[PDB]
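Peer 1: All chains should be built: construct the whole structure from the sequences, respecting the hints.
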Amino acid sequence: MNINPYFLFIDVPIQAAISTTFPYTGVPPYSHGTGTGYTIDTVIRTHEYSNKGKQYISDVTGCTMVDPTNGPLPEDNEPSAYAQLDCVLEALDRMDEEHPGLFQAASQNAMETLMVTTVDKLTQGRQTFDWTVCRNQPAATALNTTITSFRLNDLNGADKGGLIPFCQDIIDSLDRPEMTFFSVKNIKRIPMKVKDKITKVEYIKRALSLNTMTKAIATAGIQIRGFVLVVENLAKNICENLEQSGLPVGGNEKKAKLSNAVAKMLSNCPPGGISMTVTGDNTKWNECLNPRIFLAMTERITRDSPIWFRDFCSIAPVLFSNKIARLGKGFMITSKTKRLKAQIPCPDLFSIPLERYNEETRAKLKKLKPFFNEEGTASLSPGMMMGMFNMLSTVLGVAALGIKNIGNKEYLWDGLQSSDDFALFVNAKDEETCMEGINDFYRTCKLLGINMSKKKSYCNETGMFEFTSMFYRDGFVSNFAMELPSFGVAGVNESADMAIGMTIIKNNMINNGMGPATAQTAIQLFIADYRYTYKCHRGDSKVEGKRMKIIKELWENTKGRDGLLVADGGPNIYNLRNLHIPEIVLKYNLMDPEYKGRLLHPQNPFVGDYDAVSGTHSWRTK
Amino acid sequence: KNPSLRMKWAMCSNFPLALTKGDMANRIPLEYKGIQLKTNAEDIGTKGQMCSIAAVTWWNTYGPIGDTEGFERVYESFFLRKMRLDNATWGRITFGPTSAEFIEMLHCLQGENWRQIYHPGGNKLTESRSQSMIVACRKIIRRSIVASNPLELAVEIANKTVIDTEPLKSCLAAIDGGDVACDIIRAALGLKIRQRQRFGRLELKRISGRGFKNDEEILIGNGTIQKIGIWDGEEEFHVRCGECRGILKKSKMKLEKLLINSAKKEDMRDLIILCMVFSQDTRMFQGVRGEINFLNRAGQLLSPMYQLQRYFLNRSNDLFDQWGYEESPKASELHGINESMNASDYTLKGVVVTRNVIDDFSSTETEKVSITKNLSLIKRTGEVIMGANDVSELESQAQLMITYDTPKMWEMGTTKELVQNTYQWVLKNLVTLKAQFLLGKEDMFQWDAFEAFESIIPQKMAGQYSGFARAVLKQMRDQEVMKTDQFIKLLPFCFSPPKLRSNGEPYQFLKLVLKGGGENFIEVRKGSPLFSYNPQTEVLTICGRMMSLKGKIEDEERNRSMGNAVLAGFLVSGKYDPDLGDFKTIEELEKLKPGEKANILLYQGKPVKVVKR
Amino acid sequence: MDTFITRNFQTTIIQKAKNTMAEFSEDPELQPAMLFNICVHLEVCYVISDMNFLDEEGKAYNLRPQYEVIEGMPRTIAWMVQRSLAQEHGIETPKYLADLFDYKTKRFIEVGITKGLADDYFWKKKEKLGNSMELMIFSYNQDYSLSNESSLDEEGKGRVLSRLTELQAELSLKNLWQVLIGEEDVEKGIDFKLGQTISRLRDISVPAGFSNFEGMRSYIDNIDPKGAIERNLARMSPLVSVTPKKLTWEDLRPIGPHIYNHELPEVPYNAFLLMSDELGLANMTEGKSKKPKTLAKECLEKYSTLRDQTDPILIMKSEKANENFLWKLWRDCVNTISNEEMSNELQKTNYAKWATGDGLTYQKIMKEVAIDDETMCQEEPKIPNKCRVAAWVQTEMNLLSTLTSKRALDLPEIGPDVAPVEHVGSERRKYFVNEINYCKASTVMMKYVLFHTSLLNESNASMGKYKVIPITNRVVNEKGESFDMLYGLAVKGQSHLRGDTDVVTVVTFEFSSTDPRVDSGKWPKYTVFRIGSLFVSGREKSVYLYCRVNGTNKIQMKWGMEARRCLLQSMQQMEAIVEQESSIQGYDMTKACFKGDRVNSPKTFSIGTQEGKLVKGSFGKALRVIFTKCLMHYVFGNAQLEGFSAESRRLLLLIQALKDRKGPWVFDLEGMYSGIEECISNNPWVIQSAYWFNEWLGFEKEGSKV
Ligand SMILES: [Mg+2]
Ligand SMILES: [Mg+2]
Ligand SMILES: [Mg+2]
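Residue numbers (UniProt numbering), protein chains in the order written: chain Y, 1 to 187, 202 to 229, 240 to 632, 655 to 668; chain F, 43 to 139, 226 to 741; chain D, 1 to 61, 72 to 716.
No wet-lab data here; the hints were simulated from the structure. Take the hints with a grain of salt, since some may be wrong.
Below, computed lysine to any residue pairings styled on SDA-like, alpha-carbon distance capped at 20 Å [as the list claims (entries may be wrong)]:
1. Y:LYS54 x D:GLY225
2. F:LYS588 x F:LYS643
3. Y:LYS365 x D:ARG484
4. Y:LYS566 x F:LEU638
5. D:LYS392 x Y:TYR30
6. Y:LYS160 x D:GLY192
7. F:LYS477 x F:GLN450
8. F:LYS496 x F:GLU280
Peer 2: Here it is in C-alpha cells:
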C-alpha cells in the first residue's frame with residue numbers, strides 16, 4: 001500500500017484537513033527576501049507600474065520623481081498605480097455619507113490622543129533608522145540620539161514632554177542650513207563620539223531615507249514615526265466603526281465577524297436569486313498604492329478639522345511621497361581562478377561595467393540608472409514600500425467595497441477588508457449578473473489603484489470562503505497557520521517564567537484558536553522545558569545535580585508535597601481552568617507551614655504582563 | 043537575543059544569582075554537603091556576593107521560617123480569583139454554531241467551534257449540607273448508571289456514603305430538599321419523597337385533564353421519521369423550574385396557554401423551552417434542522433422527547449424563530465416577553481407573563497414511590513414520575529468533604545489516591561489475603577478493589593500485566609517460597625484475564641505503567657515513586673506515606689533473593705557470572721530456551737543470574 | 001481616588017465621563033486626574049443647561075430648554091447634532107466639538123474649568139478657538155469670565171461655584187489636591203507651523219493637475235465628485251476585465267507534468283539526517299541522564315568491532331568528495347570520543363581544517379582592487395535542477411508512518427481535570443499519544459530536535475574550533491526498558507564570525523543498514539563506507555557509514571530545535587478534524603471517531619492506493635500519516651515548499667467548491683497553475699506532493715461522475 005496524504009480530503013473537508021498547515025507565522029530561516037537585489041527589484045517594479053505617468057525632478061532633493069496619479073487609464077490587466085483622484089474622493093464621500101460624523105469623530109479622537117501623547121511613545125516600535133549613525137537602532141536608542149543631536153542644534157522640544165513640540169522640532173530641523181550631531185566612529203578601534211556636521215540637503219535625504227532591514241523589508245527613521253502614529257490612529261478610529269473592516273479583530277470575534285457577514289449577505293439575497301463570494305487577493309498592493317492618494321484621503325477625512333491638525337496629518341504622506349530607498353550592502357564580485365571576493369557597495373554599483381554583473385542584475389541596474397542617486401540610494405516616489413499605512417489602506421479598500429453598484433445594475437456587493445486581503449460578496453438574480461458585478465468591482469478597484477489578483481482570487485456560492493488565513497465553511501471555522509509556542513523559557517527568573525508560559529498558552533487558546541488537547545500538550549512541553557532549564561525536576565524523580573540533591577531532601581522532609589512549587593520539585597497542578605492563577609496562590613492552601621514560611625519570608629536575600659507572587663524564586667541575575 | 047539559551051547556560055554556572063547583604067543573607071551556609079551555595083569572594087569595588095540556585099533550594103528547605111500572616115490580604119485579588127474558580131459550577135460543552229468574572233475564564237469558556245457552560249460561584253457557603261448532599265447523590269447516580277442493574281449498585285453505594293460525618297441516609301431523611309438525584313436515591317434507600325412529575329428540570333403537577341399515549345411516526349424539521357408516544361386530549365399542569373412557576377394548558381400537539389411569572393431570565397428561558405418541548409407542538413418538531421443523536425453517559429441513545437429537550441436547550445433560537453409571535457393585551461396584570469425575555473408586547477405565541485403570584489404546588493406530599501432497576505420512579509398507578517434522564521448534568525465541588533467507603537467509587541480518584549486506597553486495602557487484608565492465597569483458590573483476584581485498580585491499567589496491556597503478575601505469584605507460591613512485598617505489589621494487577629502469548633508463557637516486563645504516566649509506574653524489580661519497600665526496616669512507602677510492615681513479614685522471606693520473583697518461569701541460580709554476556713534484554717529472556725541460563729540486573733549494584741525451568 | 005469619584009458624582013455622570021475619556025485614551029484607569037476634570041466639566045455643563053429653560057416665542061420659563079448639551083455623548087452623534095444645528099440656524103460649524111448650544115442667541119458655547127484664574131484661561135481658549143464660539147470660564151476660586159451678557163445668570167453661577175467649592179474642600183482635606191490637573195494641559199499644542207522645506211516638499215507631492223498643495227486642498231474641500239466612478243468606468247477599455255470562467259472537473263489538469271519526464275534526474279535525498287534508513291546502536295541503561303560524550307563512549311564500547319574498524323571500504327563516493335578526508339575525520343571523531351579527556355575537541359585541528367573544506371574560502375580584498383580587476387564578475391545564480399518523481403519519497407512516507415517498538419516521547423503531567431472541556435482535551439490527548447507514541451516519525455523528530463539542541467549548545471565558545479557532537483537519543487519500549495541510541499557522530503566546524511547567520515560546516519557520519527547501490531539516484535550527495543556487520547535477532551546486517559559535508563547556522567539550529575512543534579501541529583489538526591465531525595452533531599465525537607459508539611461506528615479514512623484501488627484505514631493510521639506529513643513538511647521545508655503549500659491551497663479550495671456543488675468560477679486558471687508549478691524544481695517533498703495531488707485529483711474526478 002502506498003500512502004497518499006491527500007486522500008484525507010476524500011473523507012474530511014479540505015478546510016478541516018489543511019488546518020494549521022504552517023506551525024509558524026514568522027519569516028522562516030530560508031524564505032528571506034533581503035538584499036540589494038530585492039530592493040532594486042522592488043524599485044524597478046514600483047516604477048514599472050507608474051512609468052506611464054508624469055515624471056519630473058524634485059526641487060528639494062533633486063531626485064527623479066514619478067507620479068502615476070491622475071494618469072491615463074489602463075488598457076490591459078497589468079498592475080496599475082494610475083488611481084484617479086476624483087474616483088477616490090467620490091468613494092470617500094459615499095463612505096462619509098453612510099457613516100455620518102465618523103470622519104469628524106475619528107479626526108477629533110486622533111487629535112485629542114495626539115495632544116495627550118508624549119515623546120516617550122516613540123520607543124515601543126521596532127528597529128528604526130538612525131541618521132546620526134546611518135544605521136538601524138532600537139527605537140529608544142534612535143530617539144535618544146536624535147534628541148541629543150537636536151539639543152546640539154538648539155532644537156529643544158523633547159524636553160517639554162509633549163509629542164507635538166518634538167514633531168515641530170523634527171520638521172523645523174529640515175530648514176536648518178546645516179545640522180550638527182554626534183557620530184559614533186570606530187576610531202585598535204573604539205566607539206568614540208565625535209561632533210559631525212552635514213548640509214541641509216544631505217540631512218533632508220537622511221530624514222526621508224528608509225533603510226533596508228536584515229533581522240517589512242524597509243525601516244523608517246525617527247522623523248516620520250511621530251506623524252505616522254497620528255495618521256494610523258486616525259485610520260484606526262475610522263476603521264473600528266466600519267462593519268467591513270476586519271483587521272483590528274482578533275480571537276473568537278473574528279469568527280463572529282465572518283459568520284455575521286455571511287448571514288447578513290445571505291438574508292438580503294433576492295428571493296430566488298444567487299449570492300456569490302469571491303476570496304480575493306491583491307497584487308502589488310504595496311507597489312501600486314501611492315502616498316499622494318493617501319495625502320488626498322487624509323485631506324478629505326480631516327476636512328472639518330482645525331488646520332493645524334490637517335497639516336500635522338498631511339506631513340506623513342508628504343514625507344512618504346518624497347521617500348528615498350537605501351539599497352543595502354551592495355553586490356559581491358568574485359574571481360574563481362584567483363579565488364578572490366569583494367563587496368561592491370551601493371555608491372559604487374555603476375563604477376564597473378555592467379557586463380561584469382550577471383544578466384538579471386545587469387538588466388536591473390540598466391533599469392535603475394535613471395532613479396539612482398549618486399550616494400547609493402534610489403528614488404521611490406510612487407508606491408507604499410511595506411506596511412506603514414495598513415489602517416489607511418484598509419480604509420481605502422472598504423471605501424471601494426462601499427460603492428455597492430455601478431450603473432444601477434441588478435447586483436449589490438459588500439465585503440470584508442483586512443488591508444491587502446479581502447472577501448467580496450455579490451447578490452444578484454443569476455451567476456451571470458454576479459460575474460458582471462465582480463467585473464465591475466475589479467474595474468472600480470483598478471480605478472482606485474487597488475489590483476485584485478486574477479491568478480489568486482476566485483469565486484463560489486456564498487457559504488464557504490477564506491479571510492485572513494481563516495477558512496469558513498457552513499459555520500465551521502479553521503486556521504491555515506498558527507504560531508505554536510516557541511521552546512525554552514522566557515529567561516527572567518523561575519518565579520516569573522511559569523507565569524509567562526502559562527499566560528502564553530492561555531492567550532494562544534484565546535486568540536489563536538488553540539484547542540484543549542493542544543493547550544494541555546503545550547503545558548506539558550513548557551513544564552518539560554522549565555524543568556530542564558532550571559534543573560527543578562520532581563523531588564521523587566531520580567535526577568542527579570547540585571540543586572536536585574537538596575530538592576530530594578526537601579521532598580522527603582515536607583508532608584504536603586502537593587504544595588511545593590515546580591521549581592522546588594513539587595508536582596505540576598496546572599490545567600486549562602487555572603492558567604490565570606499564580607502557582608503560589610494555587611498551592612497556598614496545600615503548602616506546609618514551615619515551607620510556606622521559608623518561601624514566603626519577607627526578609628529573604630534573593631528578591632532584593656504576568657501575575658506573580660514575590661518570593662525566594664523571584665531572584666535576579668547580573 | 044536568545045534569552046532561553048542564555049538562562050540555560052546561566053543556571054549551569056556556579057553562582058549566577060545576585061545576593062543581598064544582611065543577617066538573613068549571611069544565614070546561608072558557605073557550602074551544604076559539598077555544594078557551594080555562596081561564593082566566598084570579595085569584589086574589588088562592587089562588593090557583590092553571589093550564590094547558586096542550590097542556595098535558594100537550601101533556603102526553602104532549612105532556612106529561617108518567616109511569618110506568613112496577612113499574606114492573603116496583600117494578594118487578595120489572586121485569592122479571590124482562586125475562590126471564584128473553585129466555587130464555580132460546570133455545565134455542558136456544546137459544539138457547532226460579559227461580566228469581568230467571565231472574562232477571566234474566557235480561555236476555558238469560549239472556543240472557535242465549542243462553548244463551555246460555566247456558572248461562577250463564591251461565598252455560597254450557608255447551605256453546605258444540601259449542596260454536598262446533591263453532589264453526592266449526582267455522583268452516585270452517575271456511577272450506578274454505567275453499571276448493569278443500576279439500582280443495586282446505587283443502593284449499595286448510597287449506604288456507604290458519608291457527608292462530613294453524617295450518613296447520606298440521615299441527610300436525605302432530614303434535609304428534605306435536593307433535586308431529582310436526591311429523590312432517586314431516597315426512593316432507592318426506601319425513604320419518602322415529594323410527588324411531582326419530572327421532565328428535565330421541569331416539575332409538573334397535573335390539576336385538570338387526562339391523557340393517553342399513542343404511538344405515532346412524526347416528521348421533524350431535519351426530515352426524519354421518529355417513533356414518539358404523543359399525548360392526546362386537553363390537560364392542565366402547574367409547572368415549576370428553579371425560581372419560576374406557571375400554569376400550562378395543552379392539547380394534542382399544541383400548546384394552548386402558558387401563564388408564567390417574572391423570574392430569573394435564564395430560569396424563565398429554561399421553563400419556557402421545556403414547556404414548549406413537553407407540549408409536543410408540531411411547530412416545535414418542525415424546528416429541528418440539525419441532528420438529534422444525543423446519547424447519555426451510559427452510551428445509550430436518548431428517547432426522542434429528551435433528544436428534543438437537549439437539542440432545544442442547546443439551540444434555543446431554532447425554536448423561538450419557528451414559534452411565531454403575537455401581541456399581548458394591555459391588561460395591567462398581563463404582560464409579554466420576546467425571545468430575549470424582555471418587556472415587549474411582541475410576545476411569543478401562546479406564552480404570557482403575569483403579575484399575580486401563582487401559588488406553588490410544593491405542598492407536603494411525602495409518599496413512597498416504587499423504583500425499578502433502571503432508576504425510574506413509578507407511582508402506585510404505574511405512571512413513571514421521574515428517571516435518570518431527568519438528573520441535571522451540572523457538576524460542582526462539594527462544600528463538605530464527602531467520603532464513599534466503597535471501592536466502586538475509587539474510580540473518582542487521581543490514579544494515585546486509587547493506588548493508595550487499593551494498596552492500603554491489600555495491607556489491611558494482607559493476613560486473610562495470604563491465607564486464602566495459600567490454598568489454591570484464586571477468587572481473591574475478583575475483589576472490587578482490584579476492579580477499581582484495573583480502571584487505571586492500560587486496556588491494551590492489562591491482560592499481559594495480569595498474566596505476568598499471576599504467573600509470578602504462582603511461581604512464588606508453588607515451586608518456591610513467597611516474598612510478601614512482591615506479593616503485595618503484584619496482587620492488584622491479577623484481576624484481568626491472562627493474555628499469555630502463543631508460546632504458553634507470560635509477557636515479561638520491567639515496569640508496569642498506568643494511566644497518566646511520567647511517574648505513575650510500578651517497577652517489577654525495584655522501588656518506584658508510587659510503591660517502595662525497605663527490606664530491612666519493614667516499611668512500605670506508598671506515595672511517600674510510610675506504613676509499617678511488622679509481623680506480617682516472615683523470617684524465611686528475608687534471606688531469599690529478590691530475583692526469585694522478578695521474571696515468570698525464572699529461578700535464581702549461581703551468581704553474577706560474567707561469561708554468558710551482558711544483562712540480557714527481556715526480549716532474549718522470552719526467546720530463551722527452557723533450561724537455559726541468563727544474567728539480570730535487579731538494580732544499581734545487584735546483578736543476579738537466573739535459569740529457565 | 002475611585003471612592004471619591006463614586007461618592008461625589010452620580011453614576012450617570014461617572015459613566016458618561018468614563019466613556020468620553022475612553023474614546024481617545026487607551027488607558028483610562030491610569031490617569032484619574034483627567035477623569036476628575038471631565039466629570040467636573042460634565043457637572044458644570046449640566047448645571048448650566050439643566051435648569052435654564054425657554055418657551056415657544058420668547059418666554060424664558072412647555073418643556074423647551076434654552077441650552078442643548080452636546081457633551082457627554084458619543085462623538086459620532088455629537089458631530090451630527092452639531093452639524094444639523096449649524097446648518098438649520100444658518101451659522102458656521104466650529105472646527106471643534108463644542109460643549110453647549112445656546113438657543114437664545116443661537117451660538118455654540120465652550121465652558122472651561124480653571125484651577126489658576128479666569129480671564130487667563132479665557133484668552134487661551136479664545137486663541138485656540140477664536141470667534142467660532144462663545145466662552146464661559148468658571149474658576150475654583152470665586153471668579154468668572156463670560157463673552158456675553160444675556161448668558162448664564164447669577165443663580166446658575168452660584169450653584170456651579172458652590173459645587174466647585176465643595177470639590178476643592180474635599181480635595182484639600184483628603185490630600186488629593188496634588189493630583190488635580192488644569193484643563194490647559196489637555197489642550198497643550200495647537201501652534202503647529204510648517205517650515206519652508208516641508209512646505210516645498212508638500213507642494214511637490216500633489217497629484218497631476220495641481221500646482222501647489224493649496225490648489226489640491228481647495229479642490230478636495232469644494233468640488234463635489236459625484237459621478238466620477240461611473241464616468242471613468244464608461245470610458246475604461248473593455249480589455250480590462252476579470253474574464254471569469256465557470257470551473258469544471260475538465261478544467262483541473264495535473265500540475266507540473268514535467269515530473270513525469272523520465273529524461274530528468276530523480277530527486278536525491280537531501281535531509282540533514284537519515285530518517286527511515288537510520289540505524290541506531292542501542293545500549294540499555296537505568297534511565298540516568300549521561301553526558302553526550304559518555305553516551306557515545308559507552309555505545310561505541312558496546313560495539314567495538316565498528317569502533318575499531320580502521321580501514322575504509324568505500325561503497326559510494328560523491329562526485330566532488332574526498333573519501334580520504336572524510337574517513338580521516340571520522341577516525342578523528344571516534345578517537346576523540348573514545349579518549350579519556352572530558353573534552354569533545356578533535357585532536358587534528360589542522361588536518362580537519364582542510365578535511366571539512368574550511369580552508370578553501372575566498373579571500374576578501376579591497377573594493378578598489380576588485381573594481382580595477384576586470385576579471386572579477388558577479389556569479390550567476392544557481393538555478394535549481396528540474397527533477398522527476400523518485401520512489402524513495404513514497405517509501406519514506408510509507409515507513410515513517412508505521413509503528414515501531416520504541417517511543418522517544420515522555421511528557422510531564424498536568425493538574426487533574428474538573429471541567430468537561432478539560433476531560434475532552436484529556437481524552438483527545440490519550441487517543442493521540444496512544445496512536446503516536448511508538449510511531450517511527452516520533453523518534454525521528456526527537457532525534458532531530460536533540461541533535462539541533464546539541465549543535466546549538468556547543469556554540470557558546472566552541473565556534474572557533476572543531477568539536478564532535480554525537481547523534482544520540484533516548485528511547486523506551488513497551489516493556490519499560492530504557493535505551494541510549496547512537497545514530498552516528500557529527501563534527502561541528504568553526505565560524506570565526508558570530509553574526510547568527512554565518513555558515514558553520516557540519517560533517518555527519520551516520521550509521522545505516524541501507525545499501526546505497528540499491529537506490530543509486532537517491533544518494534549522490536553522500537559518500538558511503540561499509541564499516542561492519544551487526545547481529546539483531548540472529549540475522550547479519552551490513553552496517554554502512556553515510557558521510558556528508560553539510561552546513562548550517564544558529565538560525566537553522568534553532569529552527570531544527572523548534573521542529574518539535576510538529577507534535578502540536580498534529581494535535582491541532584486532529585482536533586480540527588474531530589471538531590468538524592462534532593459540529594455536525596452537538597456533542598464531542600472523539601470516542602466515536604476513534605473507538606465508535608453504539609450509534610456511530612468507528613470512523614475510517616482513505617489512506618492510499620494498493621494496485622490502483624483505494625485502501626481504507628482507522629483514525630490512528632490517519633493520525634500517524636498526518637504526523638509524518640507534518641514532520642516531512644518541516645524537515646524538507648524551504649522556499650519552494652513554502653510557496654507550493656501556500657499556492658496549492660487555492661486549488662484545493664476550488665476542488666472543495668466543485669465537490670460541494672457551489673459552482674466555482676475562476677478568472678485566471680492558467681495563472682494559478684503557473685504560480686503553483688514554478689515551485690516544483692528539486693524539492694523531494696514538493697514533487698511527491700504534486701504526484702499525490704495528481705493521483706487524488708484523478709480519484710476525485712472519477713468519483714464526481716458516480
Ligand atoms: Mg492582511
Ligand atoms: Mg480572502
Ligand atoms: Mg469640551
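Peer 1: Each hint should be assessed against the structure and marked as holding or not.
Peer 2: Quick rundown of the hints versus the structure:
{"no.": "1", "hint": "Y:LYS54 x D:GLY225", "in the structure": "holds, 18 Å"}
{"no.": "2", "hint": "F:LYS588 x F:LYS643", "in the structure": "holds, 12 Å"}
{"no.": "3", "hint": "Y:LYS365 x D:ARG484", "in the structure": "violated, 45 Å"}
{"no.": "4", "hint": "Y:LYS566 x F:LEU638", "in the structure": "holds, 17 Å"}
{"no.": "5", "hint": "D:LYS392 x Y:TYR30", "in the structure": "holds, 15 Å"}
{"no.": "6", "hint": "Y:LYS160 x D:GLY192", "in the structure": "holds, 17 Å"}
{"no.": "7", "hint": "F:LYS477 x F:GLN450", "in the structure": "holds, 10 Å"}
{"no.": "8", "hint": "F:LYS496 x F:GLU280", "in the structure": "holds, 18 Å"}
The earlier numbered hint that this structure contradicts is number 3, and it is the only one.
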